[PDB]
Amino acid sequence: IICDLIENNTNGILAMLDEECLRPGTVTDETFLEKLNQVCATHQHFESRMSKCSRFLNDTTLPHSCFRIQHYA
Amino acid sequence: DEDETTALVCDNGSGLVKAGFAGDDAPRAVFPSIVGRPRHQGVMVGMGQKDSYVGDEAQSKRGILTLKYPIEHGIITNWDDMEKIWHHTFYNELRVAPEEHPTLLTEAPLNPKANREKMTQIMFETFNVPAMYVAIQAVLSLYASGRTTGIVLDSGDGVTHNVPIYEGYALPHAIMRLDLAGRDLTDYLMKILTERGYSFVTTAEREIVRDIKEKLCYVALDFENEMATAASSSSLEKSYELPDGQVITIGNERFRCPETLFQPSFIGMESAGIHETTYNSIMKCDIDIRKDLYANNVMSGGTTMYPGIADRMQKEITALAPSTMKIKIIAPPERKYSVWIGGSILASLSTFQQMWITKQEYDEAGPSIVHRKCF
Amino acid sequence: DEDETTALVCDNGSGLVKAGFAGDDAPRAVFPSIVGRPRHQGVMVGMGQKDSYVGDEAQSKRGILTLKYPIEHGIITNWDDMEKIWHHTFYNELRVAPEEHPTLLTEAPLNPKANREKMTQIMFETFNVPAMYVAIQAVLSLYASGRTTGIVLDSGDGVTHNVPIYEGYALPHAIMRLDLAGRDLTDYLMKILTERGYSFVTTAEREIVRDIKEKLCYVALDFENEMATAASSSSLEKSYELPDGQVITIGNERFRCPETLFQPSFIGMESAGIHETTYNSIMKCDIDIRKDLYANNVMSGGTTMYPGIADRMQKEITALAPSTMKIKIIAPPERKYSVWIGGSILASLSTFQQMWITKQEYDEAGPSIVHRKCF
Amino acid sequence: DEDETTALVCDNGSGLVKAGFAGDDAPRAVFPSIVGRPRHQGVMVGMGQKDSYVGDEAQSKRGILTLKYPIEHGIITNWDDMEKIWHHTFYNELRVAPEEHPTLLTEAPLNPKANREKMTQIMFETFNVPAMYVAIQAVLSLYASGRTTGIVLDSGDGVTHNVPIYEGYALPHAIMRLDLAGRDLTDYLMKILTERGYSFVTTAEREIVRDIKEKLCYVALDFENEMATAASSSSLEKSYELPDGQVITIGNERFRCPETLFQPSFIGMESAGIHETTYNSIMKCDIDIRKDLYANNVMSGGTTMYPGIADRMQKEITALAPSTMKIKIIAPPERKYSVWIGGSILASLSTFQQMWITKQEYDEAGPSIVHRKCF
Ligand SMILES: Nc1ncnc2c1ncn2[C@@H]1O[C@H](COP(=O)(O)OP(=O)(O)O)[C@@H](O)[C@H]1O
Ligand SMILES: Nc1ncnc2c1ncn2[C@@H]1O[C@H](COP(=O)(O)OP(=O)(O)O)[C@@H](O)[C@H]1O
Ligand SMILES: Nc1ncnc2c1ncn2[C@@H]1O[C@H](COP(=O)(O)OP(=O)(O)O)[C@@H](O)[C@H]1O
Ligand SMILES: [Mg+2]
Ligand SMILES: [Mg+2]
Ligand SMILES: [Mg+2]
Numbered sequence: 172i173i174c175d176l177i178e179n180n181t182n183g184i185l186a187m188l189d190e191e192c193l194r195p196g197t198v199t200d201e202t203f204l205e206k207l208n209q210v211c212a213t214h215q216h217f218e219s220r221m222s223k224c225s226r227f228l229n230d231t232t233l234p235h236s237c238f239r240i241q242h243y244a
Numbered sequence: 030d031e032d033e034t035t036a037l038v039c040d041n042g043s044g045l046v047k048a049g050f051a052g053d054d055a056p057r058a059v060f061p062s063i064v065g066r067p068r069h070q071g072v073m074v075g076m077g078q079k080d081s082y083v084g085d086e087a088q089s090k091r092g093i094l095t096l097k098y099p100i101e102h103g104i105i106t107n108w109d110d111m112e113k114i115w116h117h118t119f120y121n122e123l124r125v126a127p128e129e130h131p132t133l134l135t136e137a138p139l140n141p142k143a144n145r146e147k148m149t150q151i152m153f154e155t156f157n158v159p160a161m162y163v164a165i166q167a168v169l170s171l172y173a174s175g176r177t178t179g180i181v182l183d184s185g186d187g188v189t190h191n192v193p194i195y196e197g198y199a200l201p202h203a204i205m206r207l208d209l210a211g212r213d214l215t216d217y218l219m220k221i222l223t224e225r226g227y228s229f230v231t232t233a234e235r236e237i238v239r240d241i242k243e244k245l246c247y248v249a250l251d252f253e254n255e256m257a258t259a260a261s262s263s264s265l266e267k268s269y270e271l272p273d274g275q276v277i278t279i280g281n282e283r284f285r286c287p288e289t290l291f292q293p294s295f296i297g298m299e300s301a302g303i304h305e306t307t308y309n310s311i312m313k314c315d316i317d318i319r320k321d322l323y324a325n326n327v328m329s330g331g332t333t334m335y336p337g338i339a340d341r342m343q344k345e346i347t348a349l350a351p352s353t354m355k356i357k358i359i360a361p362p363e364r365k366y367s368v369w370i371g372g373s374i375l376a377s378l379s380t381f382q383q384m385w386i387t388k389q390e391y392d393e394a395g396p397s398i399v400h401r402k403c404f
Numbered sequence: 030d031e032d033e034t035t036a037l038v039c040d041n042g043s044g045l046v047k048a049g050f051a052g053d054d055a056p057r058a059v060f061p062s063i064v065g066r067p068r069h070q071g072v073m074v075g076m077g078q079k080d081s082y083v084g085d086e087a088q089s090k091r092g093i094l095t096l097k098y099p100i101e102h103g104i105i106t107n108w109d110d111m112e113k114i115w116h117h118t119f120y121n122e123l124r125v126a127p128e129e130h131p132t133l134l135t136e137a138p139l140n141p142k143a144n145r146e147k148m149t150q151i152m153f154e155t156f157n158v159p160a161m162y163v164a165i166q167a168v169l170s171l172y173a174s175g176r177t178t179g180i181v182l183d184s185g186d187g188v189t190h191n192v193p194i195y196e197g198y199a200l201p202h203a204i205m206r207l208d209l210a211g212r213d214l215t216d217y218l219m220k221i222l223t224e225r226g227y228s229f230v231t232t233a234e235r236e237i238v239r240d241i242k243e244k245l246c247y248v249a250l251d252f253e254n255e256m257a258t259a260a261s262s263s264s265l266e267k268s269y270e271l272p273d274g275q276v277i278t279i280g281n282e283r284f285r286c287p288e289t290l291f292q293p294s295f296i297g298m299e300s301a302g303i304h305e306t307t308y309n310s311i312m313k314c315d316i317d318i319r320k321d322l323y324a325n326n327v328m329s330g331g332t333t334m335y336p337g338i339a340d341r342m343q344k345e346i347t348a349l350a351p352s353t354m355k356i357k358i359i360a361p362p363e364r365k366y367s368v369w370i371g372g373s374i375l376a377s378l379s380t381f382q383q384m385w386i387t388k389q390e391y392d393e394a395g396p397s398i399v400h401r402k403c404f
Numbered sequence: 030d031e032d033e034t035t036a037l038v039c040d041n042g043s044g045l046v047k048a049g050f051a052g053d054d055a056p057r058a059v060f061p062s063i064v065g066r067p068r069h070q071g072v073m074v075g076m077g078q079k080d081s082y083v084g085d086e087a088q089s090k091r092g093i094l095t096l097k098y099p100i101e102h103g104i105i106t107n108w109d110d111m112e113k114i115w116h117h118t119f120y121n122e123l124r125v126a127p128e129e130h131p132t133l134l135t136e137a138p139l140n141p142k143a144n145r146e147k148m149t150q151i152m153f154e155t156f157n158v159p160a161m162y163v164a165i166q167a168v169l170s171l172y173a174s175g176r177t178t179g180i181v182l183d184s185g186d187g188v189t190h191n192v193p194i195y196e197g198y199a200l201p202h203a204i205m206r207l208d209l210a211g212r213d214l215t216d217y218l219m220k221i222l223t224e225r226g227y228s229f230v231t232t233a234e235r236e237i238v239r240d241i242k243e244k245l246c247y248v249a250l251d252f253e254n255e256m257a258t259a260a261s262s263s264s265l266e267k268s269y270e271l272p273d274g275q276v277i278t279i280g281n282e283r284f285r286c287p288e289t290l291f292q293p294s295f296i297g298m299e300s301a302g303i304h305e306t307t308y309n310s311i312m313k314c315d316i317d318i319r320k321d322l323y324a325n326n327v328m329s330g331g332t333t334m335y336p337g338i339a340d341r342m343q344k345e346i347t348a349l350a351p352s353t354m355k356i357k358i359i360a361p362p363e364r365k366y367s368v369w370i371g372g373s374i375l376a377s378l379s380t381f382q383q384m385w386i387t388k389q390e391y392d393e394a395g396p397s398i399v400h401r402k403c404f
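Protein chains in written order, with my numbering: chain A, 172 to 244; chain B, 30 to 404; chain C, 30 to 404; chain D, 30 to 404.
No lab work stands behind these hints, which were simulated from the structure alone. Incorrect hints may appear among the rest.
The calculated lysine-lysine pairs, modelled on BS3-like cross-linking and capped at a C-alpha distance of 27 Å, are [claimed, not checked]:
| hint | chain 1 | residue 1 | chain 2 | residue 2 |
| --- | --- | --- | --- | --- |
| 1 | C | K142 | D | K220 |
| 2 | C | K402 | C | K147 |
| 3 | D | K220 | C | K402 |
With beta-carbon atoms standing in for the labels, derived distance ranges [to be verified]:
| hint | chain 1 | residue 1 | chain 2 | residue 2 | range |
| --- | --- | --- | --- | --- | --- |
| 4 | B | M256 | D | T380 | 51 to 57 Å |
| 5 | D | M384 | B | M256 | 23 to 29 Å |
| 6 | D | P201 | A | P234 | 53 to 59 Å |
| 7 | A | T197 | B | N157 | 36 to 42 Å |
Here are some chain C residues pointing at chain D (derived, C-beta under 7 Å) [what the hints assert, rightly or not]:
| hint | residue |
| --- | --- |
| 8 | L139 |
| 9 | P141 |
| 10 | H202 |
| 11 | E299 |
Where a beta carbon is used, it is the ideal one built from N, C-alpha and C, also for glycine.
So here's chain A without its partners, still in its complex pose:
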């Protein structure tokens, strides 16, 4: 589900990155993080700050313009 969290052709991370590279919409990094917060935060092991869900908490040493992945490591 980490692999599925990254590689899914509709809900993966690389599908969203291929989307943002594919369409031009004056795309930046924060808009890509906004898209990841929209569609990728419905999974348990994804973790971000602006979303809520995954996770609700305001955890310290979790900045903005970044995200956490709970890897096997």
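Dock chains B, C and D with the ligands against chain A, hints included.
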């Protein structure tokens, strides 16, 4: 995230969210109190385009939104929308966690108490602040004035107060609340610009009318000779470029907007005006207070940035009050922010730290505790 | 046959079939949307000579055929002939089985809905595609422009749109549809070449007139002084060799063809012209959108390859729109193909794969499902 | 010519000129407010064929004209064309000299004042009437109702008002003006008939769409179950013979036209609808007026001849207003004429004869006198 216990001063009076830290000069996050919603369908696949636009971001997209102020005349109407405003306030603009900071809200006197009570309920149950307080807007407007004695006129977007305070003691029987404020002046200005020929009907167009009100209005010290002057020549006609194209040119509408604030019969609202609610709030006070209310009349909230309104104010109260009185309309040019500034002062006092409505005292007596600790 | 699930982007706007695969730069199969039929008897025994000639093969034999465009003004007239065009499209030119590939059709807005519905019925019942979508031509013309905000002019062979889109949201009330397009300019050009002296009456001769329109026309930036210039000297007379013999020499007909597009009173069709349907589509939009429609006016479909049409377009909209506006007529030279290119982009997005009108969902609610899933 | 001093009641609200004498039941001259102009050349020598066709004569020749309403949303656009309409009104249809008769014009509230002022300037300088008055359309719609208390909905071709009046006193602060009216419903009906398959683009074809709207529309008391009913069976499909040939058959377009009037999100115009502008105009009034506004809600202008619109109106206001109120939607079947009828009553009162803006009082203070005598 934050290595401090600095109190949060969050201030939505009725029409403009301003927030920041305790012990600070300028409010850090200033943005309008609007929530957006797309009133029609989306087409472009892969855009983001969430069904929420709050704050100035909504004003970036106000052409395609139905703008809706969640708080009206100081009364919160939609609690979910105000929760969006607070969520965007603490988590996006001010960018701090509410769990580690006490909060200092503001409201109007003569408020429906479910606003105060449910506001405390949302602040403790949802955002989980450790401490919370419900500050009066006008008293904080007297804190930023550096005085302990004075009658307070603030006149925000949805409310005006005229709260008299003498030597640390307020006069709760002489308090006032008139519902004529800047949003009603915006609607009346939209009506008389429709009378001139510029039709504004959209909420985004209403926001443009609010912009024309902020930029290009003054107070007309003598309304009769100013009205005959505007009827005389075109020295008062002023052009304002609208966004995207056609310019406007306003004449007598430049000063008939705040005259409605001094004369509510133009908007048909049965009242006495600002200058007579001040004089009635002074005459409801006792005899040996009034020259201290005359020398310290404060006019330091919103909707008072019209030029010369202190001259109309002093010039009218001088006609109302008896002679040999020194009518000092104190108008410090740091107003529209002074309620936040008084929030910063009062949140930074040493004595205030045992007046916080705190958790485990909220849970002790439920949400009614605000009506026995705060005021 | 094919080891992929690549979506098919089939695009007949009204006059030129272009088709190909998703995620590709150039459309693979480009051929004209004509069906041929021998209007007289055959004599040679043992020839083949079927009673159908579709695509460019019909233009190989256009001397002995009655050419007939099966789709007129974006409206499909003969469904059997369009089924021949699709059969030749997927099975002969593009050379792939429709059973294993999703398909991305295109149409006009303000379409008669039996075109959309029966088009979906033919795509599922006859060719048995697994998925299908009915794309708007102008929105795809904005996908290939790399923008999310702009008003779209495409002007294909039978239709023009001027669809305004702001920040991912289209404006369906400000949409337009004018039936003046390149085929009407071909008929008017045939009429004025009959006025000069070259009589064209056959549909094959009409195809030759379309060739002269494509090769040898420009837009006349100022039509009055260009008309006096063509009346003045022979610096505008240009010879074009017809197929098989006699050359022609056109003068003022070189620029009176697209002036009909900018002025429909020449063809007697009651309209306002292209430049005023753009300005009316902008004025139907709200106030805070228009400079984003001025800086991103897209002109990227067919019938815009006339030289200098962006100069006439910007030069006229500048006369219509108020001043201090930046009228940027975006004319990327990859047009006439950009609706297919936007088909390739939109068919290759990641978000699009749950917007496919698919089989077992088509069969669930019948052919009306397009009016609730697609738009 | 005329042996009387009978006042002229001329009434162009926005879309239909009706005129007549004071103290009369039916308006004498009723004709559409259009001016015609031949959009192409004439050929037959010796025809007459002037370059002006006004009133119903233009509808006799509407195939060869570009029809153009000179007044739009109650605002007069072309003063020369409206002068043609008035010249044809007094001199041809009504057939009386304006020099010997006072005139009673009508307009909308919240009008651009150059319409009122220049209208008075044309009435005195060109036609030389002895007296003149600028009547409000909705107040006259309450004069024909026989009441002195009620809120007025008229909804003409370009404007709707909802003017509340209590016991001879109007409430000018609670007044409303929505620009959604019958012409916008005609354009939306033209759009959705283009959606069905009947393409109407000419102004004469737009007039035919207006005819189909007048003949064959109703209001759909519950729009959801009526929409499911139209999607269910063909009991709502109705054929209407167009002029010269092909019949049409409308289904859900029969009732989606006035639902746009009750729901402006279909036409994308940001509003609240008719039923919420009535309720907002009642809630802007004071507390002790409202049951007299509930028992006397008048619905007596144009665009209300759709069957059952009083049932949708009462059925919706009952859902909005609090209970134990008697919502009486007064719909007298003499509407579409009641603004003229109130013109006939008010022009025939005894008290009115010192409220005429007259000549030698017009010349005393210029054209601004209307803003101090009339309202
Ligand atoms: N420079 C200005 N001139 C005139 N009016 C202003 C100006 N600045 C703000 N306003 C008005 O003041 C209102 C905001 O007042 P404020 O007291 O900040 O509201 P709040 O109650 O949210 O604190 C706005 O509605 C705005 O129209
Ligand atoms: N270089 C050109 N110059 C002028 N007209 C052209 C040119 N290329 C194509 N056209 C015209 O454009 C029309 C085809 O436009 P297009 O948008 O490709 O049609 P479709 O609607 O089938 O996509 C044809 O009628 C043709 O006459
Ligand atoms: N029987 C009818 N059914 C539906 N609509 C009608 C009917 N009669 C008139 N209308 C509409 O009412 C409009 C005219 O309203 P009216 O108030 O008479 O116009 P004016 O503002 O010129 O007085 C016309 O646009 C017409 O479409
Ligand atoms: Mg305030
Ligand atoms: Mg095309
Ligand atoms: Mg009317």
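Comparing the hints with the structure gives:
Annotation: proposed proximity of C/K142 to D/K220 holds, straight-line Cα distance about 13 Å (limit 27 Å). Of the supplied pair hints, the one linking C/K402 and C/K147 holds, its CA atoms being roughly 16 Å apart against a limit of 27 Å. Our distance criterion of 27 Å between C-alpha atoms is met by D/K220 and C/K402, whose separation comes to about 21 Å. Checked against the given bound of 51 to 57 Å, the beta carbons of B/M256 and D/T380, roughly 30 Å apart, lie outside it.
Checked against the given bound of 23 to 29 Å, the beta carbons of D/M384 and B/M256, roughly 24 Å apart, stay inside it. Taking 53 to 59 Å as the suggested C-beta distance range, the pair D/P201 and A/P234 conforms, at roughly 57 Å. Range check, A/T197 to B/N157: about 37 Å between beta-carbon atoms, so the 36 to 42 Å window is met. The restraint placing C/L139 at the interface with chain D holds, with a minimum CB-CB distance near 5 Å, inside the 7 Å limit.
Interface hint status for C/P141: upheld, as the beta-carbon distance to the closest one in chain D is roughly 4 Å, under 7 Å. Given the 7 Å rule on beta carbons, the hint for C/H202 holds: about 3 Å separates it from the nearest Cβ of chain D. Look at C/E299: its Cβ gets to within about 5 Å of chain D, closer than 7 Å, so that hint holds up.
Hint check: a violation occurs at hint 4 only; the rest are consistent with the structure.
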